[PDB]
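The chain below stands alone, shown as structure tokens; this is the form deposited in one PDB entry.
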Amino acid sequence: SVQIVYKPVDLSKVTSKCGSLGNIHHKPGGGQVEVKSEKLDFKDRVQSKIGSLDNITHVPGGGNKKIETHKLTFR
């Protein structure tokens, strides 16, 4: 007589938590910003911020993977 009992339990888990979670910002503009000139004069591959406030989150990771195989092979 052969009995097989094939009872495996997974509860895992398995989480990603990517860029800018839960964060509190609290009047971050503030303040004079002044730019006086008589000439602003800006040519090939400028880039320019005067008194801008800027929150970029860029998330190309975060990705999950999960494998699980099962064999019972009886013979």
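Numbering follows the first chain given and starts at 1. In this text, rigid core is short for the largest set of C-alphas that superpose within 1.5 Å between two forms. First, how it differs from the form deposited in another entry.
- After superposition on the rigid core, the Cα atom of residue 62 is displaced by less than 2 Å between the two forms.
- In a rigid-core overlay of the protein, residue 51 has its C-alpha displaced by at least 2 Å between the two forms.
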The other form holds:
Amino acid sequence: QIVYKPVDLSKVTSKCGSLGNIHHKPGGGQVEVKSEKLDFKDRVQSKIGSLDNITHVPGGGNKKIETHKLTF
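What would the structure be for the form deposited in another entry, rather than the form deposited in one PDB entry?
Here you get just the chain by itself.
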């Protein structure tokens, strides 16, 4: 008699990219008089209090190769 009962009970997780929490609070203080004068003239690039979150995940893949043979 032969019994062939291999059991895959496994658990696999991938968690990839921007996982953590971001808190961005620019200008959260106290001021009496606030004045901003912006003069931008030629080919200017500007970020003021902005948030860019850029995420690339080519990875994070799960791969199982499993071979079962019984030869009698």
